[PDB]
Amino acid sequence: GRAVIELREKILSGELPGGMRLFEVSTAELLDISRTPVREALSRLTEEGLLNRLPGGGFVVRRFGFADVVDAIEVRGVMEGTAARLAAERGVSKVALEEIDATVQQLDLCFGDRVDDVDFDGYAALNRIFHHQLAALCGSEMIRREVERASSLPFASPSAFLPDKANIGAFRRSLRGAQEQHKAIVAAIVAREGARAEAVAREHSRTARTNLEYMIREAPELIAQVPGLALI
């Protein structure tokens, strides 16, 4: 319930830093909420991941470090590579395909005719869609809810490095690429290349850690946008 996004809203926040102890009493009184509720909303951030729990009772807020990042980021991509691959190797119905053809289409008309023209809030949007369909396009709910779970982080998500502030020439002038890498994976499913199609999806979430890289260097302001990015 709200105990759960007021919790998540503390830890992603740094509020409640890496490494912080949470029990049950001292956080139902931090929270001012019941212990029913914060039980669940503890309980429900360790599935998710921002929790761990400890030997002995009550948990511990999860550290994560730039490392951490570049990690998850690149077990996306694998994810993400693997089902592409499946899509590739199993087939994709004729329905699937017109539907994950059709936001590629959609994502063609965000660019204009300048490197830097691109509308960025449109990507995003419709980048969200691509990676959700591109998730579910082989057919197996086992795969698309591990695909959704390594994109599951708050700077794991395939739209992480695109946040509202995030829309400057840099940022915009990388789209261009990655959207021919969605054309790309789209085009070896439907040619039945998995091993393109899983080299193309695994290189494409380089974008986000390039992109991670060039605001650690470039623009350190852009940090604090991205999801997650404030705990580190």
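Residue numbers count along the first chain shown, from 1. Basically, rigid core = biggest C-alpha set you can superpose within 1.5 Å across the two forms. First, how it differs from the form deposited in another entry.
- With the rigid core aligned between these two forms, the listed residues 183, 192, 44, 173 include just one Cα displaced by at least 2 Å, namely that of 44.
- Remark: with the core as the superposition reference, the CA shift of residue 54 between these two forms reaches 2 Å or more.
- The rigid-core alignment places the CA of residue 32 2 Å or more apart between these two forms.
- Here residue 20 counts as shifted, since its C-alpha moves by at least 2 Å between these two forms after the core is aligned.
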Second form
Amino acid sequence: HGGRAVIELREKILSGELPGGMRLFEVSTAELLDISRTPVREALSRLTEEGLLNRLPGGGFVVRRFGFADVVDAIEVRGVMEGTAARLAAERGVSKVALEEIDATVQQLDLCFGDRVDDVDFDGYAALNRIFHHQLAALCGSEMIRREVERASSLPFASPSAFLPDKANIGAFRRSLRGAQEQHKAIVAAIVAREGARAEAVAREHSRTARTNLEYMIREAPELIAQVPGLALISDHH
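What would the structure be for the form deposited in another entry, given that what you showed me was the form deposited in one PDB entry?
All you get below is the one chain by itself.
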């Protein structure tokens, strides 16, 4: 009910239907979505937590305006937060079951690669990549860490598979997935070996793949900008 309200409202913000700087109010938003006030209230609050809306001082909400600096900083925060989770898992240790689970996801991700450099199941990688980053966040067994890492990924343009959309299935991106999969293996290896410094460094570097993919799209493939939701609304971008 409330979840269905979040999806539609998020879609209207990211499409540019509700532009940056636009003021949103409980009743006018409920009329727009043709949904009851209770789910709409949950949706507006959830999208504030997610970072798409800001609260206005006298009540109501405002659609946030993002710059390139915001995208780069969001990717940085996510990498730094995932690096913390990986380091703490290596320092504290991981349970037999949790390790078996994440190692199974890495093995499934290996099945997305073939003989030629381009032979990669892009859609299969993107779905399993989300699972790997979820399991990595929970690895150290801390709810506080899991919540803070998940919040850092909820943030705009900070999702692990955000720069891997189905329609951005290009050669240059498929070749870069082999290096990314080697990073997943290295994070788990470092955690097993109790090498916190390595686990953190690899997780931070791994997040920077998103920034490289973004920079590739601006300089070499600008038609791919519209494939990332909301990215074409960032006026700054170039």
